[PDB]
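Below you'll find only one chain, the form deposited in one PDB entry, shown as structure tokens.
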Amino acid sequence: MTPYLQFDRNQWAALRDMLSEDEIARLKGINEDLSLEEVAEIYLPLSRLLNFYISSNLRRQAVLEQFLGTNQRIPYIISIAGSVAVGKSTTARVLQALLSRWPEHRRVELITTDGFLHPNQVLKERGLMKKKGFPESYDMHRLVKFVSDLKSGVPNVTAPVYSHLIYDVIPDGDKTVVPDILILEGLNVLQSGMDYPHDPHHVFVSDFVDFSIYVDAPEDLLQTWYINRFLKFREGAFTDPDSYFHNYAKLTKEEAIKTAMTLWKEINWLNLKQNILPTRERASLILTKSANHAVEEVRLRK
């Protein structure tokens, strides 16, 4: 047996017994390629599950508040891990939208770990410009302190912001979080001190996370999704010489595809095998994706 309850697509979709015109438009605005049937059969039930954990947490809090005689609101935190291009950003944003359906979750914030990467200046200095996503490219102590402060009750917490448009951290663009729920999305949210032997931390991100989800998918599908996303970014930079991807418009489509393929195999895939995939069993829930991003399996810790 394993520490996980398992559900194939049908079993998971069977969990349903809930979307409005505004809500359907918002989901399409999130990702035009997002299937409404996928949302209805997979993500709605997932948001319900999450709400049960959150509700349970809120009720516990009230019972303990009475017993302990205390006076403070602390954000419930959900992290989302997985390979680059597996769909963390889409999953996070979909969950942010759905969790907003409950009157209790008036404020659902979303922060990605991309922002906590060391700026390109610093990475170049360390010779890590070809290692974005790897442990050493992150200012981990800062990421840990971010969730630590939130879990300490600090009213306003600030997070750095990254721009895939300029391919670097935005100098003066730090975002200020003022939330009932915080969704932390990043390939490294399940990593820990062992992943940073060069600069170890002893309290991990997971130590300040209530529920963690690992989005999973085969290497062959991840490669395809990565490349197709790359191509979209390239196309979108054809008339924007200020865009980082405008550098790929000079290449023929064919050489651009090979370039993307090389970025995937030598950087992102290597990162997946050495640092990301090994953290999968630390997740509260594993979301296994299949062709066309269809979820085929859901595993939840017993």
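Only the largest set of C-alpha atoms that superpose within 1.5 Å between the two forms is called the rigid core. Residue numbers count along the first chain shown, from 1. Compared with the form deposited in another entry:
- Put the two forms on the same core and the Cα of residue 65 is off by 2 Å or more between the two forms.
- Relative to the superposed core, residue 105 shifts its CA atom by 2 Å or more between the two forms.
- Shown in the overlay between the two forms, fitted on the rigid core, is a CA shift at residue 252 smaller than 2 Å.
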Second form
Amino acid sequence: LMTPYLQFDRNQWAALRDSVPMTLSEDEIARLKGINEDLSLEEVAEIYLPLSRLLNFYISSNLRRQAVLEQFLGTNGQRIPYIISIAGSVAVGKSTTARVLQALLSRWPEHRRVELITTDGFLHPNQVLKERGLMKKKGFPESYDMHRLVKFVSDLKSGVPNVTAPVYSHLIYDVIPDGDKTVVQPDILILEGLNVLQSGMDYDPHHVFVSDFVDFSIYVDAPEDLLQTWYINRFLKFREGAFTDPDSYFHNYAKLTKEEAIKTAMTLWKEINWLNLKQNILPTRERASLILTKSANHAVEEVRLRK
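Please move on to the form deposited in another entry, as the form deposited in one PDB entry is already shown.
Below you will find a single chain and nothing else.
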């Protein structure tokens, strides 16, 4: 049977960097690393530079997801921002991928704005999730306010005046009451979150989805077993940092012994994030324009490009 994806291993993908030079120092790179997430200069050069290239070809060739329709009715004024999305399991390290992609796309061919918006800011406040009995489902599609997320991207893309975005706080495990921040129309918009690939055709009737505004979608992938230990390990680091803040919504986790923490982390993964993984995330994997698969060392050892 024919498959829609082209597969490359590290050497093959890396070989596609051609001559894009790199615009980042090791120091700058290290600052982009996420908790329990390693990012080397070789990872940037071998994985992200070839991606920068491709991504750049697509942008300069005004080949967007809404290009055909525009020409079919009316191309107007354009100047339309390029929209890239980044999806994948919690703890997969999609936040680091977004950060470096944004740094590179910012100075690669020429200076571009490049805004990085995270989808979590668009979650329904803990209050609402409470009223809908949805917070054993934080991160699930229904725990997000997408009428707003879609309205946001539409406004940004379409050049609407004063657009603002809600902001999420991991310290209080909820969106900041009056934290909305203005977002200036950028040249490129990177959208990172769990629900960025949702479509009315994985599950639903119509409704409209944020994925319908995306031009290129990246899915950061890793086997279930690796994601489990990554989640647990990352949890243990939170115990040493974020959780030590007395105002932390999970401050009590700072007090758990190391073995209780591991226990608590597993049930949190198994009973919530894993469900989300299997139910709403994995299914979207084969819909991405690009898939990056990481190994035990957090490095991408395989790339799949949808032809």
